[PDB]
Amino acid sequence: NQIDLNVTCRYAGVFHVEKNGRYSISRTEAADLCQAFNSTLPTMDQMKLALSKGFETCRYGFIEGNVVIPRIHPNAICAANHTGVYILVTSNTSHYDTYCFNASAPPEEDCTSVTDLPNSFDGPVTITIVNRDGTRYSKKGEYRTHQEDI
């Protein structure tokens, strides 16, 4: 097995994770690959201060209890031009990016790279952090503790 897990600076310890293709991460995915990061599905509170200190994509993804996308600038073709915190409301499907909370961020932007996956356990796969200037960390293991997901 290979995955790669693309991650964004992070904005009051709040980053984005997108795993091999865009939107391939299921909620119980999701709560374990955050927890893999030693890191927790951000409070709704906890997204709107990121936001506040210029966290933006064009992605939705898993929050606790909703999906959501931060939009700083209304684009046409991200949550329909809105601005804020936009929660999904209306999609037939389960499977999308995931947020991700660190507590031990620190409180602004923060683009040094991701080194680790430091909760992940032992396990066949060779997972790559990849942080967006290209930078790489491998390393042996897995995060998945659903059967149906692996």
Given for the second form:
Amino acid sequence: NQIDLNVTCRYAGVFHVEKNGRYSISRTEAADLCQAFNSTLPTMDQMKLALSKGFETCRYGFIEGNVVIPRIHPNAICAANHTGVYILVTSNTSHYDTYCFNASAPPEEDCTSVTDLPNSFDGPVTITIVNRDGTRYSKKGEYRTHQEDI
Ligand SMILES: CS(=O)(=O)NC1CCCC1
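The structure above corresponds to the form deposited without ligand 8BT; please provide the structure of the form solved in complex with ligand 8BT.
In what comes next, the whole complex appears, and the chain from above leads the way.
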């Protein structure tokens, strides 16, 4: 009973979380997951500021209200070569990665590793935070509050 959460650098408090190496998070799970990081789904304004500080990914993820990809450099296989906060318009499907916003993080680029999941609750799952540099932090718990997400 294990969940892997791959996380990024934070940029103005905003970071990306990918669960189990594939698009697998619902919007309700996303809010709960960010809550376990003492975080919230970013607003579009928070995401735009993070973009300006150096944040980009090549993965769709929830923010408040939309599913997006922040892009700095045009790349043909990431958001159809767009730059800026690219907003997903048309999709059949409902599961993506998530973004999260932690207000207590540094104001600009923070590429230190994540070494805690401070607000998870008691539960039976081995949850492992996986950093881009491969360093890991694991703890037994749960974060999902909606049964349909479990
Ligand atoms: C508040 S902090 O910068 O030390 N750590 C954050 C908490 C969630 C993302 C990383």
